[PDB]
Amino acid sequence: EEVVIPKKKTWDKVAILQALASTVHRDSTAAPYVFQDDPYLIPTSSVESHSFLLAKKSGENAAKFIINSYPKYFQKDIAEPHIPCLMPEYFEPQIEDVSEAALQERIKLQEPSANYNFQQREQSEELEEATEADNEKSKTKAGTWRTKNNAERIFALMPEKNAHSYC
Amino acid sequence: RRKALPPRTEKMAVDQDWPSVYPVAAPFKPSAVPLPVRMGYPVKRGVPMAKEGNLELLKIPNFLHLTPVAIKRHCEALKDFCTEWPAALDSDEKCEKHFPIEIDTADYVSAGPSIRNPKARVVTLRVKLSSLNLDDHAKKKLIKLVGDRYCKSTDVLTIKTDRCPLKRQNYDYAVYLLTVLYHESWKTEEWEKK
Amino acid sequence: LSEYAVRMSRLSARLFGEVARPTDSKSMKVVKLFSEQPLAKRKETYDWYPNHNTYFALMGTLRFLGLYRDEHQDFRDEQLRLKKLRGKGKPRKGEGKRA
Amino acid sequence: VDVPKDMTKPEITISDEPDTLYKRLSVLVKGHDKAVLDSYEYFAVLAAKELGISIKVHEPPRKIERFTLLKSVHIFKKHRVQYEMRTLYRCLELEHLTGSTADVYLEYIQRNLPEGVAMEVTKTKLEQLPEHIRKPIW
Amino acid sequence: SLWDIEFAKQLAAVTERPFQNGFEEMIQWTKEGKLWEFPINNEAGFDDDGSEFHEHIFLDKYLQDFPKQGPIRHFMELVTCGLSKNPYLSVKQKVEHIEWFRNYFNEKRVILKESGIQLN
Amino acid sequence: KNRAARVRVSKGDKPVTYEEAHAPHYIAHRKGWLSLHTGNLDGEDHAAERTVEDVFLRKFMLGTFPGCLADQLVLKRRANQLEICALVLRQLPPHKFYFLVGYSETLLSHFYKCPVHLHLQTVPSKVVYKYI
Amino acid sequence: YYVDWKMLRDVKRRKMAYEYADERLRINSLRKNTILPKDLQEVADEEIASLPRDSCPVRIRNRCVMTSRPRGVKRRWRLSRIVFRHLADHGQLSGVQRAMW
Amino acid sequence: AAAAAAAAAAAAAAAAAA
Ligand SMILES: [Mg+2]
Numbered sequence: 055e056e057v058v059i060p061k062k063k064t065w066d067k068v069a070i071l072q073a074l075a076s077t078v079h080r081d082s083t084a085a086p087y088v089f090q091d092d093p094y095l096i097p098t099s100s101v102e103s104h105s106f107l108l109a110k111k112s113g114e115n116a117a118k119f120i121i122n123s124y125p126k127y128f129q130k131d132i133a134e135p136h137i138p139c140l141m142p143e144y145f146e147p148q149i150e151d152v153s154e155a156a157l158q159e160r161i162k163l201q202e203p204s205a206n207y208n209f210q211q212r213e214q215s216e217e218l219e220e221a222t223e224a225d226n227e228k229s230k231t232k233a234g240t241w242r243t244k245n246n247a248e249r250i251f252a253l254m255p256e257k258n259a260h261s262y263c
Numbered sequence: 051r052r053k054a055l056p057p058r059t060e061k062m063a064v065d066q067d068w069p070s071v072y073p074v075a076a077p078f079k080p081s082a083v084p085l086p087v088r089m090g091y092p093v094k095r096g097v098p099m100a101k102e103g104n105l106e107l108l109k110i111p112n113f114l115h116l117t118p119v120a121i122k123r124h125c126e127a128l129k130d131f132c133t134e135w136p137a138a139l140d141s142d143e144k145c146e147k148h149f150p151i152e153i154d155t156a157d158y159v160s161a162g163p164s165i166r167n168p169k170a171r172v173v174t175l176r177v178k179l180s181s182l183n184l185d186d187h188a189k190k191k192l193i194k195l196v197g198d199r200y201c202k203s204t205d206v207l208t209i210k211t212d213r214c215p216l217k218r219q220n221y222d223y224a225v226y227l228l229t230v231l232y233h234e235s236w237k238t239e240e241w242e243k244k
Numbered sequence: 004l005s006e007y008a009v010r011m012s013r014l015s016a017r018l019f020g021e022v023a024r025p026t027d028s029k030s031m032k033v034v035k036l037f038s039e040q041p042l043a044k045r046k047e048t049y050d051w052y053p054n055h056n057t058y059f060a061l062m063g064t065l066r067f068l069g070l071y072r073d074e075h076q077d078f079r080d081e082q083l084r085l086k087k088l089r090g091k092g093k094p095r096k097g098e099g100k101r102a
Numbered sequence: 052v053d054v055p056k057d058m059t060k061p062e063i064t065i066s067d068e069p070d071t072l073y074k075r076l077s078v079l080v081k082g083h084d085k086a087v088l089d090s091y092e093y094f095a096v097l098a099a100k101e102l103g104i105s106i107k108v109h110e111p112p113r114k115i116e117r118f119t120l121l122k123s124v125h126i127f128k129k130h131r132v133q134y135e136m137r138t139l140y141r142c143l144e145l146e147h148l149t150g151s152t153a154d155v156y157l158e159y160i161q162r163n164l165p166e167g168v169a170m171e172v173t174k175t176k177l178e179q180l181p182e183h184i185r186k187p188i189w
Numbered sequence: 268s269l270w271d272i273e274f275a276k277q278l279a280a281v282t283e284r285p286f287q288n289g290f291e292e293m294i295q296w297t298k299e300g301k302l303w304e305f306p307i308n309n310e311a312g313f314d315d316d317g318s319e320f321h322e323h324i325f326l327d328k329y330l331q332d333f334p335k336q337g338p339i340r341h342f343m344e345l346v347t348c349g350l351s352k353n354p355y356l357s358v359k360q361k362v363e364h365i366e367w368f369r370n371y372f373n374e375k376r377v378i379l380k381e382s383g384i385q386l387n
Numbered sequence: 036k037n038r039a040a041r042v043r044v045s046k047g048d049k050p051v052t053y054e055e056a057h058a059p060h061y062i063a064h065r066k067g068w069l070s071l072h073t074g075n076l077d078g079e080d081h082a083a084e085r086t087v088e089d090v091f092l093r094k095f096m097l098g099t100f101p102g103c104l105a106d107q108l109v110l111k112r113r114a115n116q117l118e119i120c121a122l123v124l125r126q127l128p129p130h131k132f133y134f135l136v137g138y139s140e141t142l143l144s145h146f147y148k149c150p151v152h153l154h155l156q157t158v159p160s161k162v163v164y165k166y167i
Numbered sequence: 028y029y030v031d032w033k034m035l036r037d038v039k040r041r042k043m044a045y046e047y048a049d050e051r052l053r054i055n056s057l058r059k060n061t062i063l064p065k066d067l068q069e070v071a072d073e074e075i076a077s078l079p080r081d082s083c084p085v086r087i088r089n090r091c092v093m094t095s096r097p098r099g100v101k102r103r104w105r106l107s108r109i110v111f112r113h114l115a116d117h118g119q120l121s122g123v124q125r126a127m128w
Numbered sequence: 692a693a694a695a696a697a698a699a700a701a702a703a704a705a706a707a708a709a
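Protein chains in written order, with the entry's author numbering: chain Ao, 55 to 163, 201 to 234, 240 to 263; chain Ak, 51 to 244; chain Ai, 4 to 102; chain AJ, 52 to 189; chain Ah, 268 to 387; chain AC, 36 to 167; chain AN, 28 to 128; chain AZ, 692 to 709.
Note that these hints are calculated values from the structure, not bench results. The C-beta atom is built at its ideal place from N, Cα and C for all residues, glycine as well. Please note that a few of the clues may not be correct.
Claimed, not checked - Far from chain AJ by the CB rule (all over 10 Å, computed), these chain AC residues:
| id | residue |
| --- | --- |
| 1 | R41 |
| 2 | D48 |
| 3 | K94 |
| 4 | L97 |
| 5 | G98 |
| 6 | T99 |
| 7 | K111 |
| 8 | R113 |
| 9 | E140 |
| 10 | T141 |
| 11 | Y147 |
| 12 | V151 |
| 13 | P159 |
To be verified - With a straight-line cut-off of 30 Å between C-alpha atoms, the simulated DSS-like cross-links for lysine-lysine are:
| id | chain 1 | residue 1 | chain 2 | residue 2 |
| --- | --- | --- | --- | --- |
| 14 | Ai | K46 | AN | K101 |
| 15 | Ak | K189 | AJ | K186 |
| 16 | Ak | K217 | Ah | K298 |
| 17 | AJ | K186 | Ak | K147 |
| 18 | Ak | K144 | Ak | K189 |
| 19 | AC | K66 | AC | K46 |
| 20 | AC | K66 | AC | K36 |
What the hints assert, rightly or not - The calculated label-pair distances, taken between Cβ atoms and stated as ranges, are:
| id | chain 1 | residue 1 | chain 2 | residue 2 | range |
| --- | --- | --- | --- | --- | --- |
| 21 | Ak | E239 | AJ | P187 | 12 to 20 Å |
| 22 | AN | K33 | Ak | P118 | 52 to 60 Å |
| 23 | AJ | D89 | Ai | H75 | 42 to 50 Å |
| 24 | AC | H64 | AN | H113 | 58 to 66 Å |
| 25 | AJ | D53 | AC | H64 | 44 to 52 Å |
| 26 | Ah | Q295 | Ak | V93 | 41 to 49 Å |
| 27 | Ao | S261 | Ah | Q295 | 37 to 45 Å |
| 28 | Ao | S123 | AN | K33 | 29 to 37 Å |
| 29 | AC | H64 | Ao | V88 | 35 to 43 Å |
| 30 | AJ | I65 | AZ | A700 | 51 to 59 Å |
| 31 | Ai | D27 | Ao | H136 | 40 to 48 Å |
| 32 | AN | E73 | Ah | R369 | 16 to 24 Å |
| 33 | AJ | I65 | Ai | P25 | 56 to 64 Å |
All chains should be built: construct the whole structure from the sequences, respecting the hints.
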């Protein structure tokens, strides 16, 4: 009867960090956080700030190009939680001989997508309404005359579903 | 085309809030600190080196983001997440009457990419034998059943579990051993009659 | 040592998960082989040497693409170029001895 | 003058599960130098005082690990160089905490931990009694 | 649907921004996973296939196809006790360890019959 | 005569920085350590894993910033994220500074599977402490 | 490349020791016990001898990481007594200082 | 010599260790 046990409060991983961030507001005399605070690196004009941001971005994607081009130098994992965002990415299909497996890789990974369809149709492989819907979406995302040739392969080759045709 | 900019010292406000300047840990950039501080061994005719280009000032950890005003402002925002401690357990005498089981758990932190520390699996359980329903026979059986893990002077039984890889597995293993010890101290077998 | 005591000791090991029936000290070795991780399976042993191949290849590749600059390799290249200019270079494989 | 409005929007909910209780939370802060440990002691004591925890702080004895190596490279064993490693300990002793209060204090404590120091956290979890032992007879 | 991903990236284009504060930097990296889960416990990200203490301590259920009264039980009980005090291995590895002795003993049948003790 | 981590005295014209002007018998007395982490403590582990990364970072940064590095790196290690404090001369333009800082902050992170911060402090020249 | 050919061979020895860590652990269990009859133990000796030479952990030699020095290497840092001093005197290792007492 | 019979399955079922 004399025992009193309160209830617990469940919060997110970043809820308390946001609570701490709310205590601090934007500074007046301080430079933006993304830029280096050293005066030799602090942007002076708006064009200089834009150029510095673009140069920094060029540096990061230049590093990412090396990481993707040489994946074997980053295969070793040291962090126990196994952060997946720091792993190298691969732009190659897993299966080349199987038509039903090459399309699903080359749709998500432009010209290779059309080459996959050209190779799949060479051996008279039957494609359902789900395999070519994503292939057509791949063309609709990236890509005048080639569109008509692709669209003929959409209706004439197979009786595809209208829901995947109009999209 | 070289370009040298005067630091933020000339633009620092006298009443500007320092948590806004140093919210988190920083490498102590000298252009963001208007405090003229000289660190280093002085020269016979010289003086200790100033804050510009000083490696000693960069080596040391800075507590500028943990100024007392900033600590007050941060702790005030954390009062909503914490819960109130019950006043009914102010003194240990009633805590022993209500929650006699103590669970010693170890947590560790280290700088690096790794988290797994083998010392984190060890879990300790401390229970006072004066708060259980053992009789004389079951008590005298339990003492010899446990052996050296029971302190005769303090009347505390300690169960230290390491066999399980995880802390939760060690914990539920420890409570299982407590339950099994209690249940087996009660059974009188045929060989106890000799 | 008594019959009551040995029964109590046998029960204690069974309850705690230890070795129940009597075994010799030389036989407890096989218990120990599985009680801890073997030498060849400890990270301090099989992860002793970092991959110098990855380190060297990565630095060489960034030197070739022009992002890392290896002063030691530049020194080696300059010395070898001076050696080949003065006339004592590296002979082809298969002609040093006979030719 | 330009202060943003409506800056606060946390996600706090109260669940019906009873909160875990702690009797003693021991923190052993190990470091190399004493000044960092003293500043950290001030910071932690003050932060605990705002949260109302009534911390008691004492200093465990230091540990010095020394070893000896050769002075020269090839052959000189009469002359040696001795190296030292100092480890200083600080004890933050916390009492009368709850599960969420310990979580928030450890948040504000570990998130601002320095680089050259390490922390050992020992929690004494409270528990009344498990289920198959309350009042059973086999 | 690729159009869902396109709509999501069009939302993320205006949602994302170069960082304005170190607190925001840590919030974003914590959501990504780079920063550790505070408060830091040493068992984050390792569940051990959701196993419990009875799957590690009690391995007697894997000893059923062995002679109960033979020296094979004397040796397998020590093997089981060693494996049960092993926090460095998962449950499946101990299952394979038991199965290795299983198949080795069931393969070498002539030696157990020649040794003079009746073993199965 | 002791010769470890010691720059020899010239006729009186060499410029020497504070770090080089002090012999190794002054560490923790007059000058501090260039790197801080937890592996060198008493009851901690994984010292060599951090030491090899420390050496690799020294060499990689020396090669990445050729001729513009003033002093040695300050390698801070605090909660899974490693910070690199560098003193750099203002020889490169800021456009090339910002390319390399962004390059390193991702290459090092992807090579060590841990967040990396890079902070640069630009000095007009190498700061001289003793005679010059 | 690696630092030395001795280091190259030691890495191979460590890799094959890790590859055969489980097999040797299982075979040694049959040899290190007295319960089982010796008739199977004499065959256990034969199959543990049939394994390749570099598979045993005994052949593993603890050298230095940087210079691959086979001797004078501390286990904590995996560093030779010369490289360790060369780094500590420069101050690149925390908590390490000259002993004066 | 003599061996005592211990009910392991019964205890595991009773106290949740099966
Ligand atoms: Mg050599």
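Enumerate the violated hints, using their earlier numbering and listing them in ascending order. 7, 8, 24, 30
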